[PDB]
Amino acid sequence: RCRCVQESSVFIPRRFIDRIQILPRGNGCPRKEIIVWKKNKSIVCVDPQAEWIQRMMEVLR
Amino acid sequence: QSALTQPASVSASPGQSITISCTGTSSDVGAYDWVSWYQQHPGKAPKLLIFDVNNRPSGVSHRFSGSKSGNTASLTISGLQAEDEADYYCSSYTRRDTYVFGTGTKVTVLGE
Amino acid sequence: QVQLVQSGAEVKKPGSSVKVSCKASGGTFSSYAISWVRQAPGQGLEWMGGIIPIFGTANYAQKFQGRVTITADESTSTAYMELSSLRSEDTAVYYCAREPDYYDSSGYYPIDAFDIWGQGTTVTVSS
């Protein structure tokens, strides 16, 4: 089973992030899941579509 | 301008342990663990000693330690030696999304 | 050799502008943020502003808004700091510094600290 029920493409600035978890395909979920743990303790799922998240993965070699 | 409060000077004999306080507000130091410490030698660039209240980057000696209680953060230098004679600055991020530095503390090693 | 190489010493007249360069050597700007900090002679460290080159997002300290423009070219890993309307108080050493990340199997963790500092740039204002 996947962790995300919804996904947002909105830009989350560095100042509001605690951690970004990247979950690839498999382990119960067919899609790639990008989970953002915010400083305000809320957990936000981000669309692997968003340009800002694409630019980040592109550099995370 | 709205700098974090640090004592101007902290001094002790060689081998002693010293503590440097850094007082801010609930908006900065008091708001989160985004508090770091810097060592600056005369005519040199600052160097990171501590990040996230008490974390040490690779190369920084176990003699340097950090802690935070309320609106005050602290740096502890144990086994004080002549190489520790420098200026010390605390830093914090703010809810006004800026960084703010402490006024600085000159650490002197006292002789005989 | 994983460092931030800054442009040379500058001597400027009061009222003129100064553009300081900060090039990453032995690394890239990556997902890191780059901040600009200054230090007047015999005085403390002062955060001017910062930029996240990967998104072009820039923030400035209240005191420096309108006087300072911070830019970055991610393709060359070079960051710039332009300070206008120079005066006696602007005579200082200007440093660029990296705000790093921490990564495990648990994820990406941003670090609000300056782990890599440049050698500094001396900017002298004549009068």
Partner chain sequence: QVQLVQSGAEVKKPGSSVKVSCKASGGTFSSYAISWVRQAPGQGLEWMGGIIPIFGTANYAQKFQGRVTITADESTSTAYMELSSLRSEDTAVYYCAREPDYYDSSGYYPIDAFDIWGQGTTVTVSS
Second form
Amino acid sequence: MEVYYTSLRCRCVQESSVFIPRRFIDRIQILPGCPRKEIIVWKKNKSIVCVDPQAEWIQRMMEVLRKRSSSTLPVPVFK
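After the form deposited with its partner chain bound, can we look at the form deposited without its partner chain?
Since only the chain itself is given, any partners or molecules it might have are not part of what comes next.
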């Protein structure tokens, strides 16, 4: 799915829902002036893609990355 936004307030005018495998992704920006949330994917081949925030795969990948930023911490020590 591809969505086009006549709106002039957001930098993402065109969003895609097509799956982007994790191995080709460098980084993902989350933007909560623009009245809607944006997810901008920086691919490993220097291209940029705005992603449909409602796509299932991107919600699943974000859940994984958020759960991992607390799972590779050093193991605390007590007493």
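Positions refer to the first chain, counted from 1. Shifts are known only where both forms have a C-alpha. Between two forms, the rigid core is defined as the largest C-alpha subset superposing within 1.5 Å.
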{"property": "Shift in Å of the residue 7 Cα between these two forms [rigid core superposition]", "result": "0.5"}
